[PDB]
Amino acid sequence: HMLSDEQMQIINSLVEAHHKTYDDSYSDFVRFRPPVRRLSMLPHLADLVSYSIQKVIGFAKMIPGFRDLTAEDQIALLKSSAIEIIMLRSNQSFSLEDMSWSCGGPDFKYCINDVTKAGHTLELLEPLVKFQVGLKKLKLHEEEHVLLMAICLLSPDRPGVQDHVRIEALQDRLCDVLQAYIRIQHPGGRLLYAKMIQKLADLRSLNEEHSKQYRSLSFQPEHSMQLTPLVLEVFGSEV
Amino acid sequence: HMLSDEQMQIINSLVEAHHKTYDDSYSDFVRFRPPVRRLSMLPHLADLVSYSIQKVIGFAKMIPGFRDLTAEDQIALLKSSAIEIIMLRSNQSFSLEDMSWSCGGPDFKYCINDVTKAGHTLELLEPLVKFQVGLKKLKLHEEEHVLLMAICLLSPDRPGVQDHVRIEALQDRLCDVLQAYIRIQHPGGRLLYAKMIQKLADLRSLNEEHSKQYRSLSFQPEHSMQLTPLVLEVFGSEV
Amino acid sequence: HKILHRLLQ
Amino acid sequence: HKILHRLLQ
Ligand SMILES: C[C@H](CCCC(C)(C)O)[C@@H]1CCCC[C@H]2/C(=C/C=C3C[C@@H](O)C[C@H](O)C3)CCC[C@@]21C
Ligand SMILES: C[C@H](CCCC(C)(C)O)[C@@H]1CCCC[C@H]2/C(=C/C=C3C[C@@H](O)C[C@H](O)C3)CCC[C@@]21C
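Read top to bottom, the protein sequences are chains A, A', B and B'. A prime marks a further copy of an entry chain. When you line the first sequence up against the entry's author numbering, it's residues 154 to 190, 251 to 452, in that order. When you line the second sequence up against the entry's author numbering, it's residues 154 to 190, 251 to 452, in that order. First residue of the third sequence? That's 687 in the entry's author numbering, and the numbers climb one at a time after it. First residue of the fourth sequence? That's 687 in the entry's author numbering, and the numbers climb one at a time after it.
Since the hints were derived computationally from the structure, they do not count as laboratory data. Relax, there's no trap hidden among the hints.
If you anchor each label on the Cβ, the simulated ranges turn out as follows:
no.	chain 1	residue 1	chain 2	residue 2	range
1	A	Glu355	A'	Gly373	54 to 60 Å
2	A	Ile325	A'	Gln305	38 to 44 Å
3	A	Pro319	A'	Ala382	54 to 60 Å
4	A	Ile325	A'	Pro340	51 to 57 Å
5	A'	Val346	A	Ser450	46 to 52 Å
6	A	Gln433	A'	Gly318	34 to 40 Å
7	A'	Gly318	A	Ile397	54 to 60 Å
8	B	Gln695	A'	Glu355	51 to 57 Å
9	A'	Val346	A	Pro319	40 to 46 Å
10	A	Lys425	A'	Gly373	34 to 40 Å
If you want a taste of the chain A' side facing chain B', the calculated C-beta under 8 Å gives, among others:
no.	residue
11	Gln267
12	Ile270
13	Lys274
14	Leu291
15	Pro442
16	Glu446
17	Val447
18	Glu451
In the DSS-like style, the derived pairs of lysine-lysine whose C-alpha atoms are separated by at most 30 Å in a straight line are:
no.	chain 1	residue 1	chain 2	residue 2
19	A	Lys330	A'	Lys173
20	B'	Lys688	A'	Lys173
21	A	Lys350	A	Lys330
22	A	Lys274	B	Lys688
23	A'	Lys412	A'	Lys425
24	B'	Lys688	B	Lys688
25	A	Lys268	B	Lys688
26	A	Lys425	B'	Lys688
27	A'	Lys425	B'	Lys688
28	A'	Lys330	B	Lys688
29	A	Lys173	A	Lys349
30	A'	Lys425	B	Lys688
31	A	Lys274	A	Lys408
32	B	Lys688	A	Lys425
33	A'	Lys274	B'	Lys688
From the three backbone atoms N, C-alpha and C, an ideal C-beta is built for every residue, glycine too.
Work the whole structure out from these sequences, hints included.
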């Protein structure tokens, strides 16, 4: 068996869209507010997250069929899934050799003590890194990583969505591509599709813990003033 | 004639408060988002203004009698006067020799082309710099500069204020100190008190032009997303 | 949602 | 006025 023309273009579109919105050199990180090592890391990491939100929106607008949903569902899917896509995309910078995200030199090497210096407890950090080492060990191809991101974004189980049918249809066309891709171009993984879908549930739980800790931060005005307008809009309740 | 004990402490309090909230080395400017020279300067200058707002609030809380107004009037006086105090305080960095604000090296030397790269037209820049060279030529002592800032903040003609009597009383005690100070410790300026009060009207007009151009910027979402939460709160209508 | 809306062009 | 209010302690 094989992939059809349409499943091809969907792979072509998602891989191009990822290359357009992910810079493996992390060169724009020199435009953030610099890191400091009292919550010293919060301005740099807020800038980083805010940058990453702009990137996921770009990815999103290039997922075939996403542009066709109403503006409400696009906003609805983006507000609730962004932190999860950011956690997924950040796997590309996560090194097993040091359990940090290595986005450059000692400046943009984010270890575990820097996440806590951004006002986040171990309750988030402990399953987050275990998700990173679990995801890293999967050794996903480029296409699977990008298909996983789009499947994540297109979950119909998100607050706000109204076209339960239309977005549940896109998410299933995308799973059909991913299931086909693993069949054709990935031996050594009969449960690879199951362990990936597993990761999507892992993210639901990481999403909850992060949004709990963010909520606390966004009500401490001395901290919310360190965030950006995009961060405050994407992660704040605005229906 | 002489200054009384109370007019002394008010001078002592305002000069100390200024030294606590103005750093002549501008060393925190390395924590902003860096400058770029399409509105390239806007992130750095938004950070700079946002930093300066935190400083003026500090000055404000140490102006004798300010802490006694209700929270509403403090917010009311700060929201409408902050940009004017920032323009005043920025005179300490304005060099006649180059008509720029020289806050350090070539990085933090803000010339006229950098203000326009922050989305501000010549309609603001042309009277703003003329205010800076007019103010600079006055060669004000430290005490007069700081008295002028507090008098500016304490204008009863600001939108929102409710204790027209209480804040009009503080602003007049402050003018009484400034008028006394110039009499005792400043010869060569019989119209110095008149030319200073003149500058307060100059600021009212600069304030209008800046808040017009800001309003336009804060409704272009691609630009408002470059601002900080403090900037958006202080300069946005929130009653 | 001002910014998010504009960012979706 | 959340932030401004807290900033005035
Ligand atoms: C704790 C902190 C968020 C605190 C800021 C608020 C207050 C909004 O919670 C992050 C937690 C999990 C999301 C992404 C995390 C990471 C992403 C790394 C990437 C680099 C490259 O892979 C490109 C990616 O787009 C982003 C690793 C470091 C930690 C964060 C930033
Ligand atoms: C155009 C731009 C604001 C654009 C940002 C929004 C969008 C909010 O309009 C400024 C215009 C006038 C106010 C202060 C100006 C200056 C202050 C200099 C200081 C350095 C030192 O003296 C310490 C002071 O506190 C601040 C000179 C450069 C221009 C600005 C920043």
